[PDB]
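Listed next as structure tokens is one chain, alone, in the form deposited without the partner chain.
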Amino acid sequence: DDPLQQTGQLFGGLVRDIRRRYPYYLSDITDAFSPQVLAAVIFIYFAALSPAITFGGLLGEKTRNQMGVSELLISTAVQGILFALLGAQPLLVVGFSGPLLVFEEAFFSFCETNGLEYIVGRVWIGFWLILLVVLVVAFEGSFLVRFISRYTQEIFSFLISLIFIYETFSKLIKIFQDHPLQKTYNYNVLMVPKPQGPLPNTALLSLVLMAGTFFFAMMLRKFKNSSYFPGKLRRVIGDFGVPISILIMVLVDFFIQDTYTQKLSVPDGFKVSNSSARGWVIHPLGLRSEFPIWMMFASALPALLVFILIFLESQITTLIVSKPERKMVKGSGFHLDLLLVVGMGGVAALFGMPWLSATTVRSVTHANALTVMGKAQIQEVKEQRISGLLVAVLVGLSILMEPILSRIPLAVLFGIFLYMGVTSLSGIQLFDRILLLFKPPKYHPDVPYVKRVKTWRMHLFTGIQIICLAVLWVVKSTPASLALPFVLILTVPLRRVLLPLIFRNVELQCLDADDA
């Protein structure tokens, strides 16, 4: 019955995933007919869009607009639509992550140094990724995901959430660096491409709009859980908590006419970011020069790195989202989700568009947005395809709705990203055990890993996971940032080999439990 059981039949996992979820397909339309779904669509849209605008911007900077915002928005939309319809876990938000950006920047620098075309280089990586994922899904390689315990899951989940929060603050700090609090400013600053010098009030208003949006979001989260107003209205206001926080703080910025704040910019229409470099279809054999056969074969090694990058990112996100603690009854498919996400990425490369992955924060945020809460415990989860479908479509239609987005500050969305980052820590026993380091040992909750485990041994087990978070944080920073997925895999040996030397069996079963 379990998803991560090795069947024996070639593509046995893929079919057993399709046989499981597609029976509840009519449910996946009708379960979306609630207002909490509509609220989630508006929330996850901005969570989905702004990274595509940002990473797209960076891609445009890093690769001389050979790939950019236009290409990433279109990829995010088409893969998002297809995955929402055909996927095993529609709650996964498919998009572009940092580790994928680090590879594009790395692969561009390679392609430059060796004097071989970059965008056609990615097509061949794409073909290898299609070859690998079919081979992996054929022999049910996603069974190995079962060995990835809560230990590795939470270290990953917690790290990703911390980095999200860090980068959200790094974005705010940057505004203060570009628009410092000076005594005097140049009243003449060209604003066509970007502010050409520091401006008054921009940095502090950015802080106020971020702080304000985060505050309101967290108060309407608290109001939802409170016992104020009629229950019907209390949920309607509460579920539309984030959309309401955005609307009012967007309106607050709109009425402030004189002060400048950075808004969401999108391309004018649907065209490639550099028309002189490429078209909509990338030629394998080459665009200008002859693409060499040495790299056509050698592209396997980059593709094997990209596979490991998408796989762990996506399969650990599928583990976190489809865990027994949450009320996911429809069922998850680790084989069909891997096949589409990695498969589409390969075909996306053929059109010069970026391959994507089930991103951890956006997926958790989207799942957490569709969870109805009782009392505190989770009653059920609104598992349906329409949230993801409509989000993916809106990202597609973001170019058409420029007049709407052009009056939405980034500062506002930075408040929502902070809310996303904080909220993502909720269902993580690592973060729970980190707060127990500060609580005295007579205020710890009545849980399995407190009653029949010694408090100093609990804290040692927590301490070892911090040392793993610390080591993983140093890697992502250093030039060995694409080696972080391999460092995270090394936490499986740590749990399976080393921890049972210092700890006993009973302690590890209670600390690292599959279901609690």
Given for the second form:
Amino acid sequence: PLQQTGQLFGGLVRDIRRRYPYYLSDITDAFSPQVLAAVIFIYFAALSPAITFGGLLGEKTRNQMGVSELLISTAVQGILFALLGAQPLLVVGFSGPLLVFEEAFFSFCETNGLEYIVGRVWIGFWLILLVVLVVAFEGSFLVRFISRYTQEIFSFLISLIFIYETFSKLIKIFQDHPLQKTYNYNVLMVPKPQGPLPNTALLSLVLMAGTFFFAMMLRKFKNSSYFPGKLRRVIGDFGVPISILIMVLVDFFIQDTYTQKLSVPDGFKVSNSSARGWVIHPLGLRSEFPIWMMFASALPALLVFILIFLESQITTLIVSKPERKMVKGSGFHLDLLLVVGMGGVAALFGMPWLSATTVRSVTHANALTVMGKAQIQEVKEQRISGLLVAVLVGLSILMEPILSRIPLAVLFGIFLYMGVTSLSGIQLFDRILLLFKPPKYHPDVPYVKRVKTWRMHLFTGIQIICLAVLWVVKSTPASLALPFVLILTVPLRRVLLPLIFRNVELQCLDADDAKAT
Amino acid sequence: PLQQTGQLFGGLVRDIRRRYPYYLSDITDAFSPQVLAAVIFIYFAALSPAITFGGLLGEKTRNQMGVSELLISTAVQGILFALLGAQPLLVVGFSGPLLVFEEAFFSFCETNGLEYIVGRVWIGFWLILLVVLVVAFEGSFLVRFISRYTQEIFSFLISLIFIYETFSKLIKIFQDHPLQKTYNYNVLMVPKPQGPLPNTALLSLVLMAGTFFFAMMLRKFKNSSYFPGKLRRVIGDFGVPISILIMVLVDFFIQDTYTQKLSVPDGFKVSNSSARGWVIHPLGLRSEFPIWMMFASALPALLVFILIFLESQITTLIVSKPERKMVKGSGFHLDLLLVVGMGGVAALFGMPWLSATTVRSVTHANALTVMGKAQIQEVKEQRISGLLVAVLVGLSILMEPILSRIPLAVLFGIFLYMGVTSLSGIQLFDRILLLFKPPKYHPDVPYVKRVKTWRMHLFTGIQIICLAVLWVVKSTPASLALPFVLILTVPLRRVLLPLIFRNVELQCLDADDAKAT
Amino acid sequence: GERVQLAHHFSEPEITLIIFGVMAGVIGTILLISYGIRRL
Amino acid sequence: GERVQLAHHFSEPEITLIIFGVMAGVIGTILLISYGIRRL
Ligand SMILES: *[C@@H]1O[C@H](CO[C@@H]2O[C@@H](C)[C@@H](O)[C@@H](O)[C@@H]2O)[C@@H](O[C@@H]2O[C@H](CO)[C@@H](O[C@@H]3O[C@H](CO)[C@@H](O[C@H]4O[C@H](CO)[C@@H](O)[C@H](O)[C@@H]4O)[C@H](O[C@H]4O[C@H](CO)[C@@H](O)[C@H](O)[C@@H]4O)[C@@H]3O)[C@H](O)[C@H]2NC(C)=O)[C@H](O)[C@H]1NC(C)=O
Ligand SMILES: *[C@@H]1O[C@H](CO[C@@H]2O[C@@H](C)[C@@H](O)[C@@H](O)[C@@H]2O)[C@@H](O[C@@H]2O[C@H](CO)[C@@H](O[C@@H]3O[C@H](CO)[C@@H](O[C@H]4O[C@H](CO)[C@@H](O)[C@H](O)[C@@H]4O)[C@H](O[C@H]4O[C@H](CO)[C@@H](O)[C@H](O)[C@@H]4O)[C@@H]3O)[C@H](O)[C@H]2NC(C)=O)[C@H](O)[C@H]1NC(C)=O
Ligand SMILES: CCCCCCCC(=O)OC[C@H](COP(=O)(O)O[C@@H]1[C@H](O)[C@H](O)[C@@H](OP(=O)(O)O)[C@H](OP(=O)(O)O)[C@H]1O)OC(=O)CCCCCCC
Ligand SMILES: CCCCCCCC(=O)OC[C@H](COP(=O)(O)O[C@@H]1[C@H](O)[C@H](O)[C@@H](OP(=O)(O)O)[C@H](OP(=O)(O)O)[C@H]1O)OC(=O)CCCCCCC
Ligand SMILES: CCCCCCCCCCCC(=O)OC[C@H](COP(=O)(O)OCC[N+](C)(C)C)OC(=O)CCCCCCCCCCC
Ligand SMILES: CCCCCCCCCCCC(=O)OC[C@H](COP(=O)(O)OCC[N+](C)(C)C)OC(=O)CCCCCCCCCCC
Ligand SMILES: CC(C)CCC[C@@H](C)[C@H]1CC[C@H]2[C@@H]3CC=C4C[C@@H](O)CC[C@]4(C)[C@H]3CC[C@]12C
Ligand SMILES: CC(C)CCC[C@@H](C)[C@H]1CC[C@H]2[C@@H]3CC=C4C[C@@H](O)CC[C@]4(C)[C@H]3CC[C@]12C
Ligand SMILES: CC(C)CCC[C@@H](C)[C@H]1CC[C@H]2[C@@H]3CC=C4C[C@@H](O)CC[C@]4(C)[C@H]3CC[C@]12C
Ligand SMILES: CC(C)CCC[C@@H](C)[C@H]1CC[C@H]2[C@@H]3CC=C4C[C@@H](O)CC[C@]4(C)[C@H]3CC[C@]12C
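Next, give the form solved in complex with the partner chain, keeping in mind that what was shown is the form deposited without the partner chain.
Every chain and every other molecule in the complex is listed next, the one we just looked at coming first.
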């Protein structure tokens, strides 16, 4: 799929030829209880970031883009991608880098007296042009130069960031409601608690820990010799939903203590009816949009394109690894065209452009993974689960009576579960564990049996330095430069590592399919 | 050791001959870090019941016997038993049945206008006579008729009761400090919190869960391939102490929230200086002690003797099982003589008589168990750990500045750890788990491979009915009848089970050493 | 739109259609240039 | 002891010694009886 035909739009055409013949199976393969459990799990995995990022976006953009816009964009783009994409297991949504870019662009527009939403429209117009050219010339074939080295550095960094943010949210809860001898028992509740409340921080900690514990136990149970096999697998398949239900009921039957709940917008309305409508005029809403910015919008478009392209294509690489038993193929050209083009169109309606998100997509693929008797046996590859998730996100505004009873701390436990389980297939994480194991215990794998232990540890340590550098860049104002710093690992693997590692060592340590050279 | 010589005091003499030759090794075998870790662990395992039961005793006896008396009795009897007993891994202390008997005897003495402490003196005098006669005629040899059937029913029941009480204490904390919207921020603290406090119940839950989690993780780590082997084993050996220290520090650095702490008596003084001194006059303190009660004290002495005898001798059977790799022998006659005689003497000083306690002793033996490469390899059989535990209990009144900083909830986590780990070697618990497993997964053991699955489950179910009956008897006023109901399992195994099970089935299901008949 | 919106000569459909037509023109230009190159 | 205690003819050591002597007598009686039995 990463080959270059030399024919215009060839990679795109091949993508359609490869996957669309399976379209009927992409529907009938969804008829299973594992697929419904995955739907319920990924629904929360996708809804919570949408609500949280939409709130942050509204706060940081004066509600020019907010929760409702992000919810509708997620729903519509997810529906379209599930129906038309070549890899329907990707989950399309908002991400932290996109939030950072929206912040930076809003600040720039404020400095220069620009309408931020109109500037976004012009970025979107440039995005559509860029993706059409990249897809026309098969630019997606360059993804073949992103080896397991870069894939795993990126995946491990994203997983660690996910876990770190999950824990930071709990720390914030403790910061808002510290442990004190005395509280103001009469504290204003609306819009949010205006002062510290008793039991809230500890109860949130308990709910998070309990959800995580129940999820991890249910996952252990699905593997185990207990109960009849078919019952154990269905209960194990519905592990995250069962844990969520248990902890939600626990919180429900505790009436007196306050816990923060999920909050969706009142209806399907723009976040700021005073600022903009549903359709944004490219020439301006209140003031005429300057002509120079119509051309200068290409550069922010380049940066947005790079962010989306790298996140989405590395995610596609990870979820489509041969060891994951995906036997339907993915379309790098088609998926990029869909994601970026839908984002460019979404800009016209004041809505976020999106990217295929690594943790959500890996969680979705793992929830559809059926395990052999240890060894992955197959994946329920189909379009229904993603489509249903997108529809549920779209309908979330109507199911407020249900969502208002779900504490965020329960979802914190689920987020921790996602973050820990996303590390499984990463050879970098496996090798990091080997740093704390005596050599005799290192498993029988080619990078153990064909590479000296200290050489393998040196290889891991160089990768760890890359993670440290990337995490440092993430924690600075120049965090939008992260894709370029990540790109620098490709020259590192191809130019510098062979200077210190023999060829056979690199075939063992950076293997496209975990082969012994 | 359970043979009958026919010679007066023969079993006692054999016990001394068997174990006292190892006396030097019973000192030098203590030179190891595993033995110090066991000391620290069993110190809390023994101190907390002493404090809690002593408080209950003082409340229920008007402080005629209280915390200080129980602490000193535990210390002195433990020191003597460790120096002189044939099984120094037994832990001698107070138990729930003994508390129940003290309640009943105090009530009886109140009804008839008797001095309770003097009546205890006369019970003790009768106890000394009874044990001398039983030991003189080798009565301890009857313990040979208590097979794994009864041993495991008793052990499982005691473990379940231990876990149940541990959880009931946490429930009580929640009952005293419920989750409420508002609290009286000015609440009297001395002697104890006089009203609900915020964060206390949830923080106690968190401390218990955290201690339990850290202990269980450290136990998993000692087994694991991580770290150098010698470091992993020492860290694993000090698992309970490390968990206690971590959670104690966590609670320490939370200044504002209240947690109940360990409280020892101010000094080495009687609990009620107005009621009695250190020595109790057998003829009466205030009123002349009636003559008829001097004779009638034999019957309560019989009941106390039965309680202590059964608890202590079944505990000795359990800790001395051949599969536990004890290669030094135990003395059933000597240990009974010591425990009961020291109890009878302790009565003269207004102090509790004690029994070798099952959960504490099994915990102590397990902490001294060294694991092969899965398979138990040996046990650090020695007198130093028990002696040091007894000394620390005796010195607890002087180390209040340390004990006052230890929350009870941390010890609740440790108690849960003890309760769960005490179930390991019990075949009844293993078979209960098999009720929830498909037959193909049942392990290759004789009671699986030589008994039909449904027959094995019928055998387990009959045992479960015995546990239900015993637990029901425990929860009624006639809970002092528990030893007799337990004795009824010996006829059940020897008279009724052979009517429904073939001989080979019983050799497989009730094996003295887990043999295939 | 929302509130008071400055009136343009081109409406939103008209201006977006014009922008998409210019984009199509540019794309076709670059594609035809690519077709011409690599052949001479 | 503690507070005001009834005065007895026998002190605590004396009475406990007497009780232990009676106990020793009874134990010796039963032991000698057992020695006599099982032999005739
Ligand atoms: C929905 O959006 C409302 C306004 O949207 C407006 O129109 C859309 C199409 C976009 O172009 C938006 O960028 C635009 O604001 C929100 O009402 C606004 O609320 C904020 C919060 O108070 C205020 O907006 C503006 O903030 C500027 C800060 O960057 C401020 O500049 C002033 O700042 C310095 C110090 O920071 C002052 O010392 C200076 O005086 C400087 O002017 C703006 O100041 C003036 O802006 C306009 C210019 O025409 C004046 O008419 C205002 O009276 C104001 O004096 C201004 O404060 C305003 O309160 C308000 N702005 C407008 C234009 O209504 C609304 O909050 C939002 N809804 C939600 C839920 O977020
Ligand atoms: C230390 O011990 C003190 C007393 O110890 C006494 O001497 C030792 C050697 C033992 O023999 C003890 O059994 C003995 O009590 C404690 O002081 C006592 O506190 C309790 C709690 O208030 C009270 O003790 C007695 O409780 C009886 C209840 O069973 C009560 O009987 C009365 O009960 C009914 C209703 O329940 C009433 O309606 C009747 O009137 C009935 O009499 C006792 O009543 C009388 O007892 C003596 C008899 O001589 C009188 O002199 C008393 O004045 C009282 O009226 C009695 O209340 C007493 O307060 C008190 N008793 C004594 C004798 O001092 C002390 O609390 C304890 N310390 C700690 C820390 O626990
Ligand atoms: C909830 C069940 C209702 C209980 C009511 C009581 C009635 C009841 O439910 O049990 C009868 C029935 C016996 O059937 P059976 O043992 O043959 O069933 C096997 C079991 O399902 C295993 O899971 C299998 O392998 P795997 O796991 O797929 O890999 C195996 O398949 P395979 O070897 O051919 O490939 C199955 O044959 O159930 C049980 O499985 C025993 C465990 C019951 C444990 C008791 C339930 C805790
Ligand atoms: C804090 C410790 C300081 C580490 C200093 C950092 C430097 C450092 O310590 O590594 C070199 C040294 C190598 O020693 P080495 O591998 O030969 O040591 C083996 C190790 O102790 C295993 O535990 C052994 O089996 P087991 O467990 O007894 O059954 C084996 O015994 P056996 O086969 O002969 O029977 C031992 O030989 O350490 C390690 O052990 C490797 C794991 C280091 C992991 C370090 C992660 C902390
Ligand atoms: C899966 C389970 C996850 C396990 C991890 C638990 C992390 C919990 C974070 C607690 C620290 C925190 O949040 O600290 C932050 C807070 C407050 O800080 P401040 O300096 O007052 O803030 C300054 C700014 N103000 C003024 C706005 C607040 O601390 C506290 O009030 C201390 C109480 C901590 C309770 C410890 C909980 C139990 C931890 C151990 C459980 C095993
Ligand atoms: C290893 C970790 C152990 C896990 C087990 C946790 C058990 C905790 C016991 C809670 C119930 C209780 O204690 O309930 C008892 C109390 C009060 O009851 P009441 O009717 O007001 O009493 C009547 C008498 N009064 C008036 C004197 C009080 O309930 C509550 O205030 C409800 C709050 C419960 C919080 C739930 C904690 C989280 C549980 C799930 C964690 C996975
Ligand atoms: C750095 C931290 C995280 C890990 C500490 C342990 C690492 C560095 C240790 C564990 C086992 C060690 C190896 C054990 C034995 C030898 C053989 C010797 O001829 C070359 C070095 C080599 C191969 C060691 C290199 C260092 C090593 C890999
Ligand atoms: C009672 C609850 C706790 C457990 C439920 C499962 C138990 C009762 C089930 C699991 C497997 C079952 C066995 C499976 C197959 C057979 C073979 C048949 O020829 C006799 C009964 C027998 C041997 C069954 C008896 C009941 C059984 C032991
Ligand atoms: C890649 C995307 C942005 C399309 C190409 C950008 C440039 C070449 C094109 C796209 C549409 C064009 C605009 C369309 C409409 C008008 C109205 C006219 O009265 C002034 C020029 C102006 C404002 C044009 C300027 C140039 C323009 C911005
Ligand atoms: C098994 C133990 C209790 C010893 C045997 C009990 C009986 C036989 C003995 C033990 C010591 C005896 C008591 C010792 C002292 C005296 C004082 C005397 O002026 C009256 C009788 C009296 C009070 C005795 C009665 C009988 C007695 C209670």
